[PDB]
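Student: One letter stands for each residue in the lines below.
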Amino acid sequence: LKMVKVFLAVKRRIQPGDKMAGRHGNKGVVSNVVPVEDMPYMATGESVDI
Amino acid sequence: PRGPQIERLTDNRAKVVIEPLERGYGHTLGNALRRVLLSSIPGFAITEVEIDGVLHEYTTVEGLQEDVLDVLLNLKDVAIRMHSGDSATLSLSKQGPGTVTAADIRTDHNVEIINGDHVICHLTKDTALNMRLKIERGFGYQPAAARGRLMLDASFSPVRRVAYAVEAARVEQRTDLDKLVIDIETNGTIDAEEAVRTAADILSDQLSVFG
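Residue numbers (full-length UniProt numbering), protein chains in the order written: chain Y, 1088 to 1137; chain D, 11 to 157, 168 to 231.
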């Protein structure tokens, strides 16, 4: 007699364990999330993300 | 011993000079101050945004070119320096065609806003934009989950990048005393003097457990 459809929008962040592949076929799984202070930095101060 | 020497290359990015340190004291002090200047300094950011016409963060409002999420990211991009207090509330009123900058908001006497060359949104029609903001104090990174009302992430970090290098200073002493320079690039919120002052305060409060 009646139908109710509910649209639910979820915005998920990135989690350790999610599968993320590159462009040339090098797939991978995120191990952990590291703070910026532990990442290796260049001579100018730019921290490497990956 | 002589005090920190301040160079002024850019009004947003300064450089401090510490000299003369002993042999084997430049690298540890530089790395400790770099890590503390990166991930310890508290700041101010926008936590929640209350708009009367916008119900949730996925709807479309008439008269606006961009979506609501672009306005939320542009409000996350700006930086607010507050003199005193742990909470504040800023409102903006802008109608008619034209761009909406960060300087068009209504601020208090203690709440200081950067001039804001980055735009927030783009208005086309003659629609009034009544938007209420909220500023809170904190340190680090706090997500929206763990804390008609919207919620926004906040990155309480006025410092962008910290670099340092150890150079030798030719001085008549018992050994080869080395100096170091630290160039701090901020968003204009915090100064390079009180940043290393509260970094040394954090180090002195953390080293107070021994003894």
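Rather than coming from a laboratory, the hints here were simulated on the basis of the structure. Just so you know, not all the hints are guaranteed correct.
Here's a subset of chain Y near chain D, in silico, CB distances under 8 Å, partners left out [unchecked claim]: (1) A1096; (2) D1105; (3) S1118; (4) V1120; (5) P1127; (6) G1132; (7) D1136.
In silico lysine to any residue, SDA-like type, Cα no more than 20 Å apart, as pairs [claimed, not checked]: (8) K1098(Y) / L172(D); (9) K144(D) / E213(D); (10) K199(D) / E213(D); (11) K199(D) / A155(D); (12) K144(D) / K199(D); (13) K1098(Y) / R157(D); (14) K1098(Y) / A154(D); (15) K144(D) / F230(D); (16) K1098(Y) / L83(D); (17) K1098(Y) / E213(D); (18) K86(D) / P153(D); (19) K104(D) / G148(D); (20) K1098(Y) / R147(D); (21) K1106(Y) / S1118(Y); (22) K86(D) / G148(D); (23) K86(D) / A154(D); (24) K1098(Y) / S103(D); (25) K86(D) / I16(D); (26) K199(D) / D173(D); (27) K25(D) / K1098(Y); (28) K199(D) / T1131(Y); (29) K1098(Y) / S94(D); (30) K25(D) / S1118(Y); (31) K1098(Y) / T57(D); (32) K1098(Y) / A98(D); (33) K144(D) / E72(D); (34) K1098(Y) / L79(D); (35) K86(D) / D1105(Y); (36) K86(D) / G106(D); (37) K135(D) / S103(D); (38) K1098(Y) / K104(D).
For each residue, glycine too, the CB sits at the ideal point set by N, CA and C.
Student: May I ask which of the numbered hints given earlier this structure violates, with the numbers listed in increasing order?
Tutor: 2, 3, 4, 5, 7, 9, 11, 12, 15, 17, 19, 20, 24, 25, 26, 27, 29, 30, 32, 33, 35, 36 and 38
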